[PDB]
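There are 2 protein chains.
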Amino acid sequence: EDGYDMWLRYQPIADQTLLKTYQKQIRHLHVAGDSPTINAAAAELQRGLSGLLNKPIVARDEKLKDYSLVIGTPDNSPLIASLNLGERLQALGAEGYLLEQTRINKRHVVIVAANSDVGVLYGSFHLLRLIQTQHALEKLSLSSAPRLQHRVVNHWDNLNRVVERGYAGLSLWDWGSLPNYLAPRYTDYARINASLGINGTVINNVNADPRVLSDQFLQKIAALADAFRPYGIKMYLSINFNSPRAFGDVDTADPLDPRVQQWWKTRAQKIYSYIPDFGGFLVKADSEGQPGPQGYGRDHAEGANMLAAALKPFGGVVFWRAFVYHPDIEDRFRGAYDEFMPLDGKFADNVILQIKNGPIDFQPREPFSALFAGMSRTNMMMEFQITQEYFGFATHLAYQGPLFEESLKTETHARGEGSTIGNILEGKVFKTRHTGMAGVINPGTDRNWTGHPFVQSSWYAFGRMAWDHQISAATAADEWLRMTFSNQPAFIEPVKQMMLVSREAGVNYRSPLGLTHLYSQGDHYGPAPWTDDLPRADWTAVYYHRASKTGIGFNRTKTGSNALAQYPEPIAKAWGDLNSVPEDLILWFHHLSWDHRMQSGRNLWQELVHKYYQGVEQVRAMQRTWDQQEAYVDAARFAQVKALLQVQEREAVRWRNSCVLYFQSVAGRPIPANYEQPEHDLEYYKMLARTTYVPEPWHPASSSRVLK
Amino acid sequence: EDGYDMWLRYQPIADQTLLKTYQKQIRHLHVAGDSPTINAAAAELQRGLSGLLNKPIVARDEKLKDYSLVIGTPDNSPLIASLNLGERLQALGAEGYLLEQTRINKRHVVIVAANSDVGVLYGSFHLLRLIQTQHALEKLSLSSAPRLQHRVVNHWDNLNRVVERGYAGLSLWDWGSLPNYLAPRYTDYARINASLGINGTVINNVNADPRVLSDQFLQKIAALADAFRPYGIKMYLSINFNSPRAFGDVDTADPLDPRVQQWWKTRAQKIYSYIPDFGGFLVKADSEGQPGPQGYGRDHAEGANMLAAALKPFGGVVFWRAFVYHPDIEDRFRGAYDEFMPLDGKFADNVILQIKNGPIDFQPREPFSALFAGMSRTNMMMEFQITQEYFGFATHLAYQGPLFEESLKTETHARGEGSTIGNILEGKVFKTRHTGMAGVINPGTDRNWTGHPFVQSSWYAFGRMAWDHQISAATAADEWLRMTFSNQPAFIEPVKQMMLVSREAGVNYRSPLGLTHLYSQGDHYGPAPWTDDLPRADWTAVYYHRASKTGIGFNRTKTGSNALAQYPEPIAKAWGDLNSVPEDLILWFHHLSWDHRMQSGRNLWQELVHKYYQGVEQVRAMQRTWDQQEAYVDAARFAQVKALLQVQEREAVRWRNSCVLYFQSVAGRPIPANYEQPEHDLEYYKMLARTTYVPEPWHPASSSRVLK
Ligand SMILES: [Co+2]
Ligand SMILES: [Co+2]
Ligand SMILES: [Co+2]
Ligand SMILES: [Co+2]
Ligand SMILES: [Co+2]
Ligand SMILES: [Co+2]
Ligand SMILES: [Co+2]
Ligand SMILES: [Co+2]
Ligand SMILES: [Mg+2]
Ligand SMILES: [Mg+2]
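Chains as they are written, first to last, in the working numbering: chain A, 1 to 708; chain B, 1 to 708.
Everything labelled a hint here was simulated from the structure, so no lab data went into it. For every residue, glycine included, the Cβ atom is placed at its ideal position computed from N, Cα and C. Just to be clear, a hint being listed does not mean it is correct.
[Stated by the list, open to error] Listed next, with one range per pair, are the computed distances between beta-carbon atoms:
(1) B/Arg705 - A/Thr266: 14 to 24 Å
(2) B/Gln219 - A/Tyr4: 21 to 31 Å
(3) B/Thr625 - A/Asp215: 23 to 33 Å
(4) B/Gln219 - A/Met341: 30 to 40 Å
(5) B/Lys24 - A/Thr625: 48 to 58 Å
(6) B/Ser376 - A/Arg447: 43 to 53 Å
(7) B/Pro36 - A/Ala636: 12 to 22 Å
(8) A/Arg447 - B/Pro672: 44 to 54 Å
(9) B/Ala490 - A/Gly248: 32 to 42 Å
(10) A/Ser35 - B/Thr625: 29 to 39 Å
(11) A/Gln599 - B/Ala43: 50 to 60 Å
(12) A/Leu18 - B/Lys24: 52 to 62 Å
(13) A/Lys139 - B/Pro36: 51 to 61 Å
Same shape as in the complex, but just chain A:
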């Protein structure tokens, strides 16, 4: 087990009684269709069933035999059409499917039925998942359809093949051998994402390189698109707003200039000539120095709509990122809301605003982005981060399912009760045209795709939740563990709980209680809560915590920045009252004296210390849990995870000691005697922050030769 297969491990079912049952139920594989997508489904079922059932199962188009798996749509499988499934099937739409044990012409069968070929593919992966997770097929009758339209992954890959916030190797795309070399890995990438129902990929960095729109690169990108197409995955590209200038074709990129409009129209025509079902563009504009419409005195709708107009005749969409914050504002938290609310309704119907889960930047816990509850006339989609920019690169274990679930199940009160983030995304709150979620996965050429084996679980949960936003982190973890490691109950339960606590542990010894942005800048590996004096205050740590001898926290109530007024009234009320604000968010909204007593009875200083130390204890407990699983996991992955957990524990201690000693230096209060005193002093950990290796190829910090 080297992780290359991820969760698509088709090894013989270990429970011999269950294996025999599956062997009796699925003796043949019947596939009448022959489109590329049906062929991909058939190939997946052949390899998967053959492996899981430990016998040769070959897809055939032959007279139906007793005890067959029969797959297809009414349009390509006369057997399926003969069942007259009618409305029940039709209601599942263009990507849904029905899995059902039934009879056809007196033969015992299990069907994978859908309206479209991609629905057959998705259903086929679910059928395999049922076997992989040891679910019974007897009396099976289950249907499913995705709850979001655009279920996409994002890769922050540079064309040099270095990945920005990439902890899993070089970019998968081997530009030097494209288009000529159609690497098997491109197909395996497509299988991985299609197994989750992911139907789009943005393959290139949002800090966008204009070369992707050149013929040289489009020929390469078209080869990738061709590999992805049978698996239902559309190609998207991040674009550079200044491309007309970069190509030397126009002396401006102003979206109101007719020459610019024409440049993008012509470029779209070129793209669609290479990739006829091209998805569209992802855009990071006017953010962190990236070009945009504001560079020409125009607004984000004028810019987005210009691009959207170019893509509309071809059916493309524009994912326009709302991650924008100008140096000039008083509270970064308020930025996106204040920038985009005036434009609600001004975007074209093929523009979708892509908004991060929170208003800052993927911090271990953030309150929900206010835009989701405010924009009632604009298409929106969520952006989540899987790659562990803020959760420890490839060395810490941090299953992200609980972060995604927490977000999706958050009640916003946008139009009263029931206005959860997931319901908003689905279109059940505000009537909308385009729905979706994007996940920043940043895998690479490492054998196991993700570096840390458990980052696979985060990618898994993302895709499952993009399909059904009400799926819990626990449900996704149970599935992933069974598919990836073992179906043994004694293994599943403790490792599932280990996964479920890992997100909170990462919060606890980095920045609990609503603290945030305490990372070393800009590499983000280790602690630096003392960070100050950067060219912009909102890039520092002190800006956010505002720690002093008297207290800590950032006042965003009516008496401070009043960011709470950007939320619906029930949220503003709940979060603005000390009696109701959740402690896990409190310092986002309140500057509190250190003597404030928390629910536990500890004062705020004591609680801060308690949480930091709790995070380390949680890591140690994870180590003990993992050691107890040796009998159930292959030796190689066992050893790898064990080692990584040791690194994590060392780094968690460094985080805890650095932050506690730093906040102590400001508050001037003792660490209670029942907590182990840090091994060294504050200056020592400032030295460690300057000298501890940063394990990422992209960020310049990994090249830093500082030794003191």
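Once you have looked at the hints, place chain B with the ligands on chain A.
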């Protein structure tokens, strides 16, 4: 077949008659010893024999059975001792071995015998190689001992894990998880190199990072050294001469300053506390801005000897690179010789000068480095390049065996006939005490280690030739092809010949006839023979070719720079006379009119055009040859090599057109009508040089956004 095993593919012997024979001969594996090295040999033989013979062969220490393979030294195996090998073993020295079919108390055996455990390891790999290449064991009786002491690989790896001139992925060394995670791949790396008898590795870039000498990194490096030790591979590190300053411990790095001498002595003590058998240091000093003794007004012996004195008590050596050339000299060709000749005899006995095969920089063909024939009182070692900095990265097929063989068998006439480079390296010509060869391999995390599958053949040849410098490129290719792909004679012959011509093809489409240094600077992927106006003239192309309307070439005879006088008289005489100078070197030493007639009857202009076109034809012929091998190669590697060869042909045409059109523009002569004429002009290929993707993560050109 994904190339992870390289040439250690232990698949069942395909010839059923030969397989039966091996099965009869080796029925058991007898191993009395139990040191880490013997254990590693036993493990290799268990896996190797079991795979090749298709039956379970387990190493055991038990009463001898008939038809056993018996391994050991007289010290650890009484059976081996009983054979009383005597003088037979004495000739093998510390690393050699004897392989022999014989008898022990009437039992039929094949022995792997040596004086040392590492000798048994090397012998064990040779035994496996005999089976892998389908050689008979009946009547086997052979011995071998390495001809060079230090048989080392070099890795230009930065600590951020980006490899300089690295076309095969990120650095193997996962610093973020070391020392905790002892990845299996570290052991596989050791197996690969030990299989060739390679006994040392320099793991870090010659553009040296001082962090490697810090405790943080020494702990990590020690883990790697621990993984390598049972395979006989010692650890070496490239050092930064300014380290005492970088650590903030001394305000100078002058090697004559007692504080500096002490700094290095104390640092060596620290290294050896972690790695008790540490090999020593590799040094790039006073070259390309890297620090060195000359920065303190001292000479290279003063610097090298200071380091050597620090290492001497512990048995360490200093590999001091002679790759040095200053911007203000008349002819870069003369640089290293004029720098180091005055220092002959001034270096300590534990210093070895590491000299590239030629005096410029690993160009497709260079004359031998004059230092090899001139330094008679200094230890020397050769530096070869395997990574394809100048042979097309990971997209061109370029077996380097013929380059290495051509070098090693070059007659220098240093001290009579037989003064070949190989004999000089062996120490027999000048009678020196430390000998070796280093190969710059720059592998990475790509699944097949080398990116292009055929780069594996160059690594293979390097190691074979480091063991025996008279091994031919053809012999090593025959072995490698059998081990890596197939023993079918109809496959081996044409593919061996394709390999053998590939180096010359790469000379021909780039820079034939003694031309050199025509690459795009500094990325080195594509053509740029027009290159001029760089901050140093010796980094340009025009500096080397001196092409004009009247002629081309660089006068290094007595009437020019007189670099020929740096060579022994017979070489100066042969190369200085137009009647005897080899055409494949001619423009290195003569500036010739375009009307000079070559041996073919063509004038020099016509000959230049002929060679450039010939290189492209040779690539097209390699494509046809490879296509003919589809029945003998697995589909995946077949497809990959086929595609890469397409990329190579496209790039070869670009090289040909660019260079022929460039030289035409200067000479003002027509391309003979029989050749296909380019259709675009020279400006078009200058535009392609600025815009064609450079496929390497490290060099900044891969990030260039130039589009015109
Ligand atoms: Co894994
Ligand atoms: Co980069
Ligand atoms: Co736990
Ligand atoms: Co207190
Ligand atoms: Co390969
Ligand atoms: Co670098
Ligand atoms: Co050929
Ligand atoms: Co002519
Ligand atoms: Mg960022
Ligand atoms: Mg160089």
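Results for each hint:
{"no.": "1", "hint": "B/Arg705 - A/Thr266: 14 to 24 Å", "in the structure": "holds, 20 Å"}
{"no.": "2", "hint": "B/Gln219 - A/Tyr4: 21 to 31 Å", "in the structure": "holds, 30 Å"}
{"no.": "3", "hint": "B/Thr625 - A/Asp215: 23 to 33 Å", "in the structure": "holds, 31 Å"}
{"no.": "4", "hint": "B/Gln219 - A/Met341: 30 to 40 Å", "in the structure": "violated, 53 Å"}
{"no.": "5", "hint": "B/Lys24 - A/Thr625: 48 to 58 Å", "in the structure": "holds, 52 Å"}
{"no.": "6", "hint": "B/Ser376 - A/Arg447: 43 to 53 Å", "in the structure": "holds, 50 Å"}
{"no.": "7", "hint": "B/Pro36 - A/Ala636: 12 to 22 Å", "in the structure": "holds, 21 Å"}
{"no.": "8", "hint": "A/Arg447 - B/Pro672: 44 to 54 Å", "in the structure": "holds, 52 Å"}
{"no.": "9", "hint": "B/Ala490 - A/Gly248: 32 to 42 Å", "in the structure": "violated, 54 Å"}
{"no.": "10", "hint": "A/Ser35 - B/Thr625: 29 to 39 Å", "in the structure": "holds, 37 Å"}
{"no.": "11", "hint": "A/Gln599 - B/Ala43: 50 to 60 Å", "in the structure": "holds, 58 Å"}
{"no.": "12", "hint": "A/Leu18 - B/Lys24: 52 to 62 Å", "in the structure": "violated, 45 Å"}
{"no.": "13", "hint": "A/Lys139 - B/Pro36: 51 to 61 Å", "in the structure": "holds, 58 Å"}
The structure does not agree with the numbered hints 4, 9, 12 stated previously, though it agrees with the rest.
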